[PDB]
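Just the one chain here, laid out as structure tokens, in the form solved without adenosine monophosphate (AMP).
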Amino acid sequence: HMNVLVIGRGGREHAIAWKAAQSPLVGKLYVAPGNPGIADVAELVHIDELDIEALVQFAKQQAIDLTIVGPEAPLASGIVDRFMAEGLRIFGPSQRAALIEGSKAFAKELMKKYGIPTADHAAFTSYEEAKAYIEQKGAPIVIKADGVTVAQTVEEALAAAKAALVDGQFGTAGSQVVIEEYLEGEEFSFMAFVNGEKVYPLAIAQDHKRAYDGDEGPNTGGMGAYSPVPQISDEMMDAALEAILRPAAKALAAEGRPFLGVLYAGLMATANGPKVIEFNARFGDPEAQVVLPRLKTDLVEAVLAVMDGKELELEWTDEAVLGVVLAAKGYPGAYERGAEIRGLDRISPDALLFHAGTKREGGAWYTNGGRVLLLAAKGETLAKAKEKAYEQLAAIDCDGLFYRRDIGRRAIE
């Protein structure tokens, strides 16, 4: 019955589309621009995510009853605002609300004003003020130059702050330095559907930010994830929901920025409780790839319920799910494309292979982006999921890809 449009081109969108395609309410499903892998579950629409003007027309002409936005870009550009002005149903935040992810400074501003637990944050253009602040917070402490150093001592912190101001980029307001509270604990991703003040928590997941095994290397969009996260207590989870998610939604609403869509809280379970690391105004990637397959409830129906502000009880499989990202060598740094990916047809039909940056040409698969694919597996336990996942991964042959072997190691060990 319904014509659904998904905006995006990565694994998260493949996951969204895949799930939505299983909805008894979906007549037809489009993904713009999508990717080769996604074409197996939906019709691709060759329109850019930021080409909002064209997306609107498409939505109007293709009688799209529901649009779901995957990436932050279109949201920050106000796609939601445009769609609503055109009377088109779209699940995602307005430009104003999306600022929760767009500007960390804003996020800190909001959380401080509304007393939402988060790591201390502060920027300075004056060394003397930065110094006074550093000496007040003690170390370890995080200094970020415009580059990131986790200063173990106040002395080192000061040296780094000075260098940041002296050698950092010279902005229109001069050079600046950011000082953040160093937090210790277990990281976790807490997503939830949100509409104004109503929050609908999704199952928790844990990302693997660093590019290499033993969380080494630079940060990435996420090298893998799994759900649930046993090591995160239900108390910690409940604290996050009532001290962070609900107050954040209410805060945004109170500030004239009511939020609609997926509120993604990058948190850290500290001994003092959950604290916000980062906010995101949409599904996380690869969190979507591992959380959606655990969602028994129909996503489209769930999304419509949220949009209508209706009560909703989300149901989840007991099975755990773990996914591993295959990235092009060099990622997150410079990487090359064109590496032939072999063996995708050897993967068990029970494995979830979400495409994020691949290309089809001459009847063959090729790497075509930073994060290229993600293979996730269901398991009775997280250990079984990890085993099934890596087991399947080994069938893929491509000297142009690499992937962490420790995804889920924190939950298992």
The other form holds:
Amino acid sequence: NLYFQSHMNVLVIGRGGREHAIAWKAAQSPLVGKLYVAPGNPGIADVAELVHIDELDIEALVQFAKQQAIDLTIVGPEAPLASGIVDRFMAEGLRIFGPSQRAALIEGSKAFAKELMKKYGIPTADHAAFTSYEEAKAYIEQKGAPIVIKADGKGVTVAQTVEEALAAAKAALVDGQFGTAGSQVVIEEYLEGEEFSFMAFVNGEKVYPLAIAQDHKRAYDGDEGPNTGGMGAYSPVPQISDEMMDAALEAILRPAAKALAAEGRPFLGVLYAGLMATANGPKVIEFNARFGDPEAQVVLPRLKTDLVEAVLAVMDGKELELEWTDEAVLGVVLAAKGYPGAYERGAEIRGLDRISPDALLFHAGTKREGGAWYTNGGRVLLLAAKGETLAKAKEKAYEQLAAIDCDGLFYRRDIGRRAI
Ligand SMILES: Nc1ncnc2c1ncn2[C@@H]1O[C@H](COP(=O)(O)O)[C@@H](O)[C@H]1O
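Having looked at the form solved without adenosine monophosphate (AMP), could you now put up the form deposited with adenosine monophosphate (AMP) bound?
Expanding to the full complex; the earlier chain stays at the top.
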């Protein structure tokens, strides 16, 4: 219904699966003439031209963007946002979809986020930091247990009793790292319920919600092992009621966007809320200032609305209702053995040519050499599949995953298990 100039030159900043998903979606826009990804990866080269410039080499990206007359730049990773890529681009008159350094702090500093949510009455887990044991003790005795104790320098304890919490807190301050302000201990309210990711396009106070998704951050099946950037995800999320979703939109997302704007930090881009559906309603775990990975890989394929058109509409503050397919999407991450810890690179990946054309294969950390594929990163690939139902999406995804053979990769087999 909306009109925007065609034959656009578009630049996507990043190198992972999230960027491959963004590029893939952008390439299908009738408004795009030329698509570039910096620095991208071998898999992304199949849908866009790679630009050999680091995401943090801001001065070069600015020059490149002006040189190639880029009409729109989309930032994937948070690093360049935290570095002020948006600020520099805007000063050069370059259109870019992403938050300013000041607004991106919502993700950069968990303390800032907690500070903001407390001031504006946004539901979230209680949070407090201490350098004094006596002060930590008094606080712990007020909140009770179970409670979370976090030491700096492994260091996270979910204390089941107040006594254990005190022992852990004392240990954190005694054995924790000695910073320039001494040792410190972080205490947080332990929340229970179903976790879900709620992303939305934002521009000032205007919020445009995206479909919600559920990511499994634990490294191993049965949600065991250390936390990761995400080992799998799916959308929609049946177990999250529409009421929980709406409460999240009206009591969390809209208020956060208004809070940032009220604080002189208007946000533009994708505001990603990591939430917990508790019995008392939705509560924020953390905020991210851009597309989540692997959330983007399973949510963007469900978006029927043209992505580029949507982004431009948001940037112009125009009205827009996003449309989504009824079909579900589930994705599974293939990671290098050892990840999220130390992992090896260089294992050959066979079978990428055996996967169905309907399967969505997003490259993270792959490398092409001598006509073959090799692992080259923590998270290497993500394979997603569409399905009439979540169960169908899950079956198709895992069915296709078996076609891949690599002794240097592993992947959870329980993605979507509980949901179904
Ligand atoms: N206050 C909390 N209550 C329950 N779980 C939490 C809390 N904070 C963090 N987590 C878990 O830790 C994971 C990663 O958050 P983080 O360790 O801060 O990077 C989340 O996906 C949650 O499952």
